[PDB]
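Taking the form deposited in one PDB entry, here's one chain by itself in structure tokens.
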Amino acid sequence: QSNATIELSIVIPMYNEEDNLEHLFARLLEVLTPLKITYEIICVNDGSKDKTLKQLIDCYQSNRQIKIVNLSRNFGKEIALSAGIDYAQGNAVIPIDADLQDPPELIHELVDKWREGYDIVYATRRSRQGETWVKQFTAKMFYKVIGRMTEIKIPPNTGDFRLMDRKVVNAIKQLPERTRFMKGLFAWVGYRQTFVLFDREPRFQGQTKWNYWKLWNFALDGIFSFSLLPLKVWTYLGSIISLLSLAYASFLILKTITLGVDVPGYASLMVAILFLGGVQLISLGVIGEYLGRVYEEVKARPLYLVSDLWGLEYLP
């Protein structure tokens, strides 16, 4: 009997991952055989510049569970993951890395948490460990900032290693977004979510020169995709500055009448500067409010997500 129903999809983005395919596939097979479930392995070639696709085709010829999504260009790991998840058909989908920095054995644990009713199972590191103090402090500050500014609650130490139920995968597919912060998006599609702790081996504990410009832009993407306060604060700042300018002008007139001293030219210049700056900041704040509305409209997120229905059929 052929099930024809994939229970588990393993999505691996690959970029120059030759001389890693054999070990990765051996470990994955060793982990996935005891699970006794139908599975597929979607390997997404993200424009590799070496003999990765050739070895992938060699493995695909012999192993029926291997499928290849060959992207035209190198789009990056996140976009390769998105493509692999788009082409995945399992009831659960697990993104994993080809270098096996995240132990594939934990897949089993994830599957267990998936069978207890959880729709998202994050694989979270117990501690950051090998990451430098600067990286840890910046990550902690970013998470605190995004928690304060936004209404989403991104769990700590969560990477791309996770299990997503088919329902969560379809919810993520319902989000047409070109500027995606995946951590915030997974927090936003709030289903039954849990986490499984795992200690990453010292082989991959810390070895990375982080490009802090890329990290800064990633944090900016996360903040801007889920908060509009940076656009709203300016109208109130302009109102405060204009009020200060008006109060200063009133005080200058009061000193002119009660002391008989004409207002100095620099004081009038300061009043005009503050008033014009506040008016322009109010205009910028109104523009920012309307631009936030436009951004919300063009992100085109669903108003809601239905997780379960009783007595009703799902709307197309």
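Numbering follows the first chain given and starts at 1. Residues that one form lacks are left out of the comparison. The term rigid core refers to the maximal set of C-alpha atoms that superpose within 1.5 Å between the two forms. First, how it differs from the form deposited in another entry.
Once you line up the core between the two forms, the CA of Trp234 is the only one from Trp188, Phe198, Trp234, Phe195 that shifts by 2 Å or more. In this overlay on the rigid core, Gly147 has a C-alpha that sits 2 Å or more away from its partner position between the two forms. For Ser245, the Cα coordinates differ by 2 angstroms or more between the two forms after the core has been superposed.
Shown in the overlay between the two forms, fitted on the rigid core, is a CA shift at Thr258 of 2 Å or greater. Core-superposed comparison between the two forms places the runs of three or more consecutive residues whose CA atoms all shift by 2 angstroms or more at 147-152, 225-227, 229-272, listed in sequence order.
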The other form holds:
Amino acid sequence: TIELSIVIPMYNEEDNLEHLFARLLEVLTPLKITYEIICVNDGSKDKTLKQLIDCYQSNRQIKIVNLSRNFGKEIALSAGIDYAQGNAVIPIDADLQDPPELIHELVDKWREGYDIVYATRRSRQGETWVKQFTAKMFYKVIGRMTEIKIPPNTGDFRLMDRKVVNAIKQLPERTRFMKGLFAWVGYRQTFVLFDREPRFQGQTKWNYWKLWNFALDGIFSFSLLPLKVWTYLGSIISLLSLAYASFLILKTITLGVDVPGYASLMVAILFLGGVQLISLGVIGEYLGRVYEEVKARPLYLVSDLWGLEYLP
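For comparison with the form deposited in one PDB entry, kindly provide the form deposited in another entry.
FYI, this one's just the chain on its own, none of its partners or other molecules.
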């Protein structure tokens, strides 16, 4: 059997494989447990699949999942986790930004009785106080969308129990906010604090288009809260628009409002706008219902059973 699985999504990672595998060998041999390394080649346009083949031939603990195309880090991680067989699964980057030694600490927490063990940075320490603030506000927003309070500063480096992996695969989903989904599958969760290596500091171009795309997926692909905040703002600006339209009709009828000579335009505008806003609100509520239905999340998740066998 396999106790630990290390999932490494790789995309154009030559000359990083030797160092990464040396570090993983330094880390995983003291553990004295059976492990495996699932390398997800995410359709690289670079001579790295050949080096992965060379490493796999000599080393019996390397398994390779070669994706047909380039799907992205999250999808490659999902593929590796689907193909992982260990009792615990640890996603790890191929650039060694997250130190592999923390695996041991993570594994220790896994033996303490926890199911998901996140690996959180002590602090950002390299962002220009704009990314820190935006991340803090966004994380408060999603935490108010969630009900598990996913720890801040958590990346993809973590440890999953087999129960959590099975629960994640139990969620049939195509638009997945992975942090929100992890919060949704609420098992015994914890985190361990680690400091990223000082060389690995702020050097990435935080292109705000993909950051905004990630924000939109987090806001919309996870929860209906942005859809329920609207259609509640709407039908308030619609009930308040049908009002002051009935009020306008009453004022015109009683006072005899013909100061312009044309006051039915405002009444028509307000009435049609309010009716259309109510229609859009009803459509939004039923679209949220359809979204919940098509997400097809399980009603519940059983963590343990005493005296009962697991339902298939």
